[PDB]
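A.B. asks: Listed here are the chains, written in short residue letters.
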Amino acid sequence: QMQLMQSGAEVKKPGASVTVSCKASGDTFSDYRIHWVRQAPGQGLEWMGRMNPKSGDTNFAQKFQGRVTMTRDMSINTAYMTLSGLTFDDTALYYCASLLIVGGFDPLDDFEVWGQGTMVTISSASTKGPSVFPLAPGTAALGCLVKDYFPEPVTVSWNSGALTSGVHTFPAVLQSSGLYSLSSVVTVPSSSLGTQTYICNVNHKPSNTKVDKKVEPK
Amino acid sequence: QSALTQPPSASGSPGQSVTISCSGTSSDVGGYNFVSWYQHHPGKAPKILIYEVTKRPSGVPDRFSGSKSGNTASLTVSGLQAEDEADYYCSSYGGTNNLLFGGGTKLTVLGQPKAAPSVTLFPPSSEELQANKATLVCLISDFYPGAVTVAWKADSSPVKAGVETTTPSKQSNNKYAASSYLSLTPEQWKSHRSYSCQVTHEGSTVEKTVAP
Amino acid sequence: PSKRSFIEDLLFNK
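Chains as they are written, first to last, in the deposited numbering: chain H, 1 to 137, 147 to 227; chain L, 1 to 212; chain F, 812 to 825.
Hints are supplied without guarantee of correctness; some may be wrong.
Simulated crosslink set (DSSO-like; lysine-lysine; CA at most 27 Å straight-line) [as the list claims (entries may be wrong)]:
#1 L/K133 x H/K219
#2 H/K223 x L/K190
#3 H/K128 x L/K133
#4 H/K214 x L/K133
#5 H/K214 x L/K44
#6 L/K44 x H/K12
#7 H/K227 x L/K133
#8 F/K814 x H/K223
#9 H/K54 x F/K825
Everything labelled a hint here was simulated from the structure, so no lab data went into it.
Generate coordinates for the entire structure from the input sequences, incorporating the hints supplied.
C.D. replies: Encoded structure:
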């Protein structure tokens with residue numbers, strides 16, 4: 001069925017503009033309508049507006065009218081939202097979605113499709129990639154420390170996603186310096202420490218930081 | 001800035017029912033039959049449970065039901081299960097060509113057992129010490145209810161400088177996680193016999209210790 | 812009958 005894939009996380013200065021993209025695949029793009037819904041930290045869901053991909057017609061929430069546009073490139077099945085005049089209140093997770101408000105004459109197509117969300121942070125601060133440190137170990150816990158990055162978010166996988174059992178990636182701490190750090194730990198059989206390679210894959214899109222760190226026993 | 005009014009929280013016991021409300025005006029909830037209800041787990045896209053006041057999309061069990069009278073819509077969740085803990089948002093067409101949302105009601109399912117924290121403590125890595133830095137990493141998971149306090153010790157002496165601890169966060173299994181970091185110089189790390197992270201929860205404590 | 816997108820267009824008409 002049709003899926004929506006959004007662009008990666010961004011950081012922008014106060015007053016600037018940000019564009020989030022939303023690429024449709026799996027069905028006719030023009031059959032759907034693209035809504036944008038955000039959630040700022042500590043706030044609830046907030047609808048921003050909607051776009052008809054065929055015509056480009058839009059409706060925007062009164063709250064954003066004057067500093068938002070919603071556009072599309074039909075040739076690449078992609079929708080865009082550009083939000084301008086950014087303030088701290090615009091730091092949020094932004095979703096595109098085909099919403100279900102009024103149903104069809106029959107209900108077979110009465111379903112929603114949501115993108116994965118794009119994190120946008122409004123800050124005057126510089127982006128910086130993390131330093132990734134291996135945390136060496147019946148079962149043994151091994152990990153990696155993702156130190157000093159801005160802004161959120163960072164993703165972590167293990168063995169390129171082949172290792173999922175026993176993985177726990179923790180929410181980041183916000184240090185006094187203003188930078189973030191997080192850790193991810195995986196619990197594995199101790200007997201495998203001398204025979205299995207373990208690698209944490211860390212990605213910080215804003216800083217073009219992608220590191221695969223081998224975690225060896227000491 | 002939520003246009004519709006929802007109480008911030010609700011609770012119920014397993015197998016029982018809970019009803020949560022969403023109030024609007026005659027120009028939205030009371031003017032149209034385009035009320036939806038969304039289930040939102042942290043970190044995941046909202047999942048619509050009800051649309052057009054009463055209708056369920058495919059795969060939503062009949063224990064979720066919606067209704068409306070006047071300017072008030074209601075969602076009733078029967079046969080409550082732990083997986084139903086989430087923040088529930090109502091929405092309505094309204095205003096002028098707008099979709100309005102309520103502020104969300106966070107649902108707690110009562111009766112969940114006490115759970116002591118699991119604690120993992122890592123010392124500074126060789127690589128970090130070479131960079132002239134040192135961080136102790138105390139990772140705390142699987143506790144319930146969602147509150148802990150963390151104490152750090154150098155040998156047996158309390159240390160508070162350089163500590164930074166997260167707020168508790170809900171895990172997918174209904175329990176909570178947190179982490180605590182102790183920043184030290186390499187000299188401080190090498191100078192002491194050991195360092196400890198002590199996690200207290202409901203009056204009981206779990207302690208881990210690491211050494212150079 | 813038309814697809815549901817067109818019904819939503821009417822709901823949001825200008």
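A.B. asks: Each hint needs a verdict: does it hold in this structure or not?
C.D. replies: Status of each hint after checking the structure:
no.	hint	result
1	L/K133 x H/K219	holds, 22 Å
2	H/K223 x L/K190	holds, 25 Å
3	H/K128 x L/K133	holds, 18 Å
4	H/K214 x L/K133	holds, 25 Å
5	H/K214 x L/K44	holds, 19 Å
6	L/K44 x H/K12	holds, 24 Å
7	H/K227 x L/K133	holds, 19 Å
8	F/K814 x H/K223	violated, 52 Å
9	H/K54 x F/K825	holds, 17 Å
Hint 8 from the list above is the single one not met by this structure.
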